[PDB]
Amino acid sequence: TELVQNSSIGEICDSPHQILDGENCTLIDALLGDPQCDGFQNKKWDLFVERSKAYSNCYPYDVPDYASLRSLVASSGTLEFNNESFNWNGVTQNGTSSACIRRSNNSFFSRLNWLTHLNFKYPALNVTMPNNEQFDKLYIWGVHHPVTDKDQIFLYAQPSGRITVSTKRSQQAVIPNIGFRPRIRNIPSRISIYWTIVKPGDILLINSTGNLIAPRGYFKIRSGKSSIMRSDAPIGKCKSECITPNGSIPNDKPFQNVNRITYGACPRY
Amino acid sequence: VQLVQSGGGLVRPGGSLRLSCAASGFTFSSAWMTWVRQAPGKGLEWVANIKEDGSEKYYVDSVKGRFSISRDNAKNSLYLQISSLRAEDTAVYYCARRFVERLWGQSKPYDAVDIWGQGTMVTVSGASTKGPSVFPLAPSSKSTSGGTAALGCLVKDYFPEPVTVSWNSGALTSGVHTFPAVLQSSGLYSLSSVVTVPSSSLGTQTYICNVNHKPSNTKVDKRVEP
Amino acid sequence: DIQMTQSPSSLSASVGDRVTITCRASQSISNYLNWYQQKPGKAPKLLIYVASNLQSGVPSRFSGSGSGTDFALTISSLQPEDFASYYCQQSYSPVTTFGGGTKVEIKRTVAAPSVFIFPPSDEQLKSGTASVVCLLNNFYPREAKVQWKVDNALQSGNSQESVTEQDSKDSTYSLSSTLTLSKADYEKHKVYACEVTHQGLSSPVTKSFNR
Ligand SMILES: *[C@@H]1O[C@H](CO)[C@@H](O[C@@H]2O[C@H](CO)[C@@H](O[C@@H]3O[C@H](CO)[C@@H](O)[C@H](O)[C@@H]3O)[C@H](O)[C@H]2NC(C)=O)[C@H](O)[C@H]1NC(C)=O
Ligand SMILES: *[C@@H]1O[C@H](CO)[C@@H](O[C@@H]2O[C@H](CO)[C@@H](O[C@@H]3O[C@H](CO)[C@@H](O)[C@H](O)[C@@H]3O)[C@H](O)[C@H]2NC(C)=O)[C@H](O)[C@H]1NC(C)=O
Ligand SMILES: *[C@@H]1O[C@H](CO)[C@@H](O)[C@H](O)[C@H]1NC(C)=O
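Residue numbers (this note's numbering), protein chains in the order written: chain A, 1 to 269; chain B, 1 to 226; chain C, 1 to 211.
Rather than coming from a laboratory, the hints here were simulated on the basis of the structure.
Hints are supplied without guarantee of correctness; some may be wrong.
As the list claims (entries may be wrong) - Below 20 Å or equal to it, Euclidean Cα-Cα: the simulated EDC-like pairs (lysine to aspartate or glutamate) are:
#, chain 1, residue 1, chain 2, residue 2
1, C, 183, B, 157
2, A, 237, A, 11
3, B, 130, C, 123
4, B, 57, C, 123
5, B, 64, C, 1
6, B, 108, A, 62
7, C, 39, B, 45
8, B, 108, C, 1
9, B, 219, C, 165
10, B, 108, A, 65
11, C, 45, C, 165
12, C, 45, B, 157
13, B, 42, C, 123
14, B, 42, C, 105
What the hints assert, rightly or not - To give a feel for the contact side, a few chain C residues facing chain B, derived at Cβ under 7 Å:
#, residue
15, 14
16, 50
17, 87
18, 97
19, 100
20, 101
21, 131
22, 135
23, 157
24, 160
25, 172
No residue lacks a Cβ here, since even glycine has one placed at the ideal position from N, Cα and C.
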């Protein structure tokens with residue numbers, strides 16, 4: 001008696017559950033398109049393991065609602081991205097920066113489009129996207145916060161940018177905050193990443209007079225079985241139904257004093 | 001853009017004093033604001049935090065119940081009420097704009113100073129204010145080397161220092177050494193400011209140091225003459 | 001709640017050396033570190049944000065690193081204008097404290113001093129006080145001794161001296177020792193000498209004066 005399976009193998013088994021190791025990448029960096037995370041595009045997982053050594057190496061960005069985005073993206077278990085063609089007439093696309101490097105060249109997030117002025121005219125943008133697919137879509141966009149009024153004017157030809165992302169159930173409006181703020185990766189400007197769920201039969205509406213980090217499409221979202229886990233335990237070649245941040249564990253004994261965080265069929269401590 | 005302070009000086013221990021810090025060049029009502037001090041010759045020390053809305057206030061443990069930070073968002077000014085002054089409160093209290101934000105959707109946000117003021121001296125002791133007696137340093141013979149001469153002004157017997165010495169209203173600047181104040185046994189301070197000029201331009205070039213002592217309303221313009 | 005410890009308190013390196021400053025604390029802070037630089041007698045300057053990110057006007061030779069509890073500020077090629085007291089800020093919830101400073105000195109070239117003596121002014125001698133000033137200009141190392149001699153008699157307990165913070169250009173130091181005597185005690189003598197001892201001088205130099 002008193003058998004609670006008090007030991008772990010120290011590693012995580014890649015079977016039967018399809019394990020995906022983020023390594024130097026977090027879920028959000030691979031979600032956005034950080035150059036170092038380009039190998040993660042359109043890839044599926046049953047469990048996604050974030051590492052403590054992960055870091056960002058693109059443009060400094062914040063995600064205000066970081067927890068729910070990270071959870072619900074991992075719940076669907078897929079990074080499958082479907083490019084959509086928005087009608088961005090009158091603006092300049094494919095904005096690049098020096099802090100975000102692809103293949104020895106300046107670039108930006110792979111799934112985001114950084115819109116600037118076209119011949120110093122940045123018109124009032126009104127794009128409507130229908131989503132007639134039988135499934136909830138996930139759109140990811142952002143708001144650029146220039147450091148000075150000079151950059152605001154040189155980037156968008158508009159002193160007071162405004163952004164309104166709307167659906168038939170929600171409406172999101174963001175105002176950029178220009179300010180003298182320190183550098184991050186040698187960049188004083190910053191971006192705030194936001195998301196919007198578009199249910200089937202509901203049209204996506206986006207109004208933006210400036211500072212719009214435009215989306216390039218959507219992700220397939222669903223409250224599935226897959227999940228995410230923070231763990232530094234290496235991924236090994238073995239088979240185990242139960243997985244914890246401390247490693248994989250046999251599910252034979254009824255309880256488990258290893259870790260309150262488990263994935264799969266586990267003995268419920 | 002920068003900040004400006006005022007409200008510092010000598011106060012008897014146990015007395016009160018009010019520091020003000022006016023702001024300009026940014027949105028004041030949307031940034032955390034701080035007070036930071038350093039004793040003469042010592043390191044820097046945090047004192048107070050105040051939130052953008054003036055709701056959450058944080059103090060270093062040695063000043064709780066004695067200091068009170070405040071701010072006015074309609075205007076652009078900080079305040080640091082300072083009561084029950086102790087001798088170990090003698091320091092140059094700076095004014096920073098330490099803001100904070102999340103950098104990758106983090107639980108707790110990363111902070112740092114936004115900029116610094118210049119700081120006002122807040123000395124505390126049972127003492128009396130008196131202005132300095134500025135005396136010249138004659139660049140006479142044997143006080144001049146073969147190639148270059150040297151002169152200055154002695155600023156002796158004066159209390160709480162912030163003291164300012166300039167040469168010829170700010171014309172002569174290159175090659176000036178304003179020495180830090182030394183507290184002499186009489187409880188008064190004393191420093192000197194020197195400058196090296198060519199050993200050939202002495203009988204035709206006029207040299208006047210401009211000493212100004214704010215706490216005593218004393219500004220003197222003394223001619224340093226060989 | 002959470003306190004730091006900087007190492008070392010003060011140091012000395014040469015031009016072009018690689019100097020590092022250690023900055024440790026109690027809890028595990030991870031990225032929540034910032035580095036500062038006080039140009040002598042001035043306000044602090046933002047140096048590094050979040051352990052490693054450099055800022056505006058920060059030369060390329062500076063670099064910060066670390067995570068958790070062990071952090072390092074590194075200068076890859078030390079320079080004359082890097083003379084400053086460096087501080088490292090902790091981004092805890094209240095910014096409790098931030099480390100006691102690290103004072104760096106360029107410390108090079110071993111330059112010899114120049115000495116000048118100054119009599120008390122005529123206007124001061126009427127007020128009943130005499131002040132004899134002696135100047136040590138543009139010397140290095142720090143260490144130097146000023147000796148006052150009244151009628152060739154050693155003087156102690158009646159003189160005071162100050163040293164300028166290190167110059168950002170030629171990097172030397174400057175010192176001014178002042179002797180103060182009452183006008184009644186002053187006129188009892190004639191020969192007042194300033195004896196200066198320093199490494200760059202092969203023998204102590206004495207600037208003197210009469211009356
Ligand atoms: C993850 O991020 C790091 C941090 O920038 C990348 O730089 C590489 O970091 C490793 C860490 O030790 C350096 O050493 C390497 O270690 C691995 C593991 O033992 C070893 O197999 C390699 O042969 C190498 O010694 C490495 O010099 C450094 N730079 C590189 C690899 O260009 C790293 O590339 C990122 N990816 C991985 C898989 O670490
Ligand atoms: C902005 O940057 C994106 C980055 O993906 C560009 O999208 C990709 O551009 C390449 C151009 O080499 C496209 O490849 C080829 O495009 C030609 C049309 O000129 C087409 O005939 C070929 O069959 C082939 O597709 C690629 O399709 C396109 N999309 C993806 C997902 O790679 C984009 O072109 C850049 N410019 C603009 C205005 O968006
Ligand atoms: C968005 O843009 C359209 C097109 O100009 C406009 O009719 C509408 O009022 C704007 N705002 C919202 C909330 O739809």
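Is the hinted pair residue 45 of chain C and residue 157 of chain B satisfied, with a Cα-Cα distance of at most 20 Å?
Violated, at about 33 Å.
Restraint: residue 100 of chain C near chain B, CB-CB cut 7 Å. Satisfied or not?
Interface hint status for residue 100 of chain C: holds (4 Å vs cutoff 7 Å).
If you draw a straight line from the CA of residue 108 of chain B to the CA of residue 65 of chain A, is it 20 Å or shorter?
Holds, because 13 Å separates the two Cα atoms, which is no more than 20 Å.
Between residue 130 of chain B and residue 123 of chain C, is the straight-line Cα distance small enough, at 20 Å or below?
Within the cut-off at roughly 18 Å; holds.
Any CB of chain B closer than 7 Å to the CB of residue 135 of chain C?
Given a least distance of 6 Å, the restraint on residue 135 of chain C holds.
Hint validation: residue 101 of chain C versus chain B, beta carbon distance must be below 7 Å. Holds or violated?
holds (4 Å)
Check whether the Cα positions of residue 183 of chain C and residue 157 of chain B lie no farther apart than 20 Å.
The hint holds at about 16 Å.
Within 20 Å, alpha carbon to alpha carbon, are residue 42 of chain B and residue 123 of chain C?
violated (37 Å)
Was the hint right that residue 97 of chain C lines chain B, CB cutoff 7 Å?
holds (6 Å)
Are the Cα positions of residue 57 of chain B and residue 123 of chain C separated by 20 Å at most?
Since the Cα atoms of residue 57 of chain B and residue 123 of chain C sit roughly 54 Å apart, the hinted pair is violated (cutoff 20 Å).
With the threshold set at 20 Å, check whether the alpha-carbon distance from residue 108 of chain B to residue 1 of chain C stays at or below it.
The given pair, whose Cα atoms are some 16 Å apart, holds under the 20 Å limit.
Should the interface hint for residue 131 of chain C be scored as holding, given a Cβ-Cβ cut-off of 7 Å against chain B?
holds (6 Å)
Of the numbered hints given earlier, the model fails hints 4, 9, 12, 13, 15, 23 and 25; all others are met.
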